[PDB]
Amino acid sequence: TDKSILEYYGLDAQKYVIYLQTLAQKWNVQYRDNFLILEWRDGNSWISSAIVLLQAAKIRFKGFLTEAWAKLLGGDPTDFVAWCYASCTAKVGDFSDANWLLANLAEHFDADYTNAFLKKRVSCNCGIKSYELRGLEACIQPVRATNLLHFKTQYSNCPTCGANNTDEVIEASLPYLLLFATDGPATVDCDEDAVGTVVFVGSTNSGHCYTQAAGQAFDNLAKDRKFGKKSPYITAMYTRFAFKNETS
Amino acid sequence: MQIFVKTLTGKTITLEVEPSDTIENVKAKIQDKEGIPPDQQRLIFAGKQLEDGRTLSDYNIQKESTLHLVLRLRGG
Ligand SMILES: [Zn+2]
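First to last, the sequence lines map onto chains G and B.
Letter by letter, the first sequence follows residues 1 to 248 of the numbering used here.
Letter by letter, the second sequence follows residues 1 to 76 of the numbering used here.
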């Protein structure tokens, strides 16, 4: 079929079927404080987590998702959530990955990808390499644990000289910073500067997630989940992240 | 051609690939060196999630690119 449909929705054919399927869904919602929360059902929470996250980070969308996100916040998550499932080739009922979903959605954030940058420096026995990341790549950042301590200095091995190397963030200017865990949940303190986080509990093959923001936990299933500064985080998000360095 | 992968724990490994290689091919190559099941793998290039049916070419992935291997989560 047509591709000014497949390209206006940002989905290939297979995913567009799933999208159409999921448009039949009705997602009940309620407010808790200033956050719109989807009622839990059918392995919902990876959808819910991302939605609370986006609200905490005051995110807006461009394209089709602009009005889909507006409709959700006005009380009708159908169009937005449908795209969410479709983007991850998932059917309602499926358990899945909030960071996968967030990376899909981030492509369509109404955000300053034009001017976003990270300046970095890697040191090894080869010498010292300075380099720069820009746009969306600069904003979405894999880390071992989701706080700035694990972001600003990362370590690996250099395949050329064989030495342990050190990759550090020297300067940053980003509309948002999205940290996501590379090896499943890792328990650390969150930064006070993080406007929101996602906590994952249980098996990574059969778990449950929820979002923390404004000193509260927003688990769309467990309504009495307790906020915890130190939690098994898979995600942390910062708004207008800016930093310029020093190291001596 | 050669690309780099940052593994679950941030190790740097090297893969030999071609632009025509599918994401599944790459996951299989990763499993060879790292012992991680394909269905436990999420591969990222420059912030973008890489999908099983597609090729390195489809994503404009060139030599000496770095991909990020991430543990896939399944929660509900
Ligand atoms: Zn080196």
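Hints were generated in silico from the structure; no laboratory data involved.
Built from N, CA and C at the ideal position, the CB exists for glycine as well.
Certain hints may be false.
What the hints assert, rightly or not - Computed spacing ranges between beta-carbons, pair by pair:
1) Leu23(G) - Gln2(B): 26 to 34 Å
2) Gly35(B) - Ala70(G): 25 to 33 Å
3) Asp52(B) - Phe64(G): 35 to 43 Å
Unchecked claim - Partial selection, computed: residues in chain G whose CB lies under 7 Å from chain B:
4) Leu36
5) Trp40
6) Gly43
7) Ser45
8) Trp46
9) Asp97
10) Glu137
11) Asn157
12) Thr160
13) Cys161
14) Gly162
15) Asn164
16) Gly184
17) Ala186
18) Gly207
19) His208
Quick rundown of the hints versus the structure:
no. : hint                            : result
1   : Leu23(G) - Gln2(B): 26 to 34 Å  : 44 Å, violated
2   : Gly35(B) - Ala70(G): 25 to 33 Å : 46 Å, violated
3   : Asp52(B) - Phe64(G): 35 to 43 Å : 24 Å, violated
4   : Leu36                           : 20 Å, violated
5   : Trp40                           : 9 Å, violated
6   : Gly43                           : 3 Å, holds
7   : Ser45                           : 6 Å, holds
8   : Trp46                           : 5 Å, holds
9   : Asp97                           : 4 Å, holds
10  : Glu137                          : 4 Å, holds
11  : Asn157                          : 5 Å, holds
12  : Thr160                          : 10 Å, violated
13  : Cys161                          : 12 Å, violated
14  : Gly162                          : 11 Å, violated
15  : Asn164                          : 10 Å, violated
16  : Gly184                          : 5 Å, holds
17  : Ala186                          : 10 Å, violated
18  : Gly207                          : 4 Å, holds
19  : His208                          : 5 Å, holds
The structure shown violates the earlier hints numbered 1, 2, 3, 4, 5, 12, 13, 14, 15, 17.
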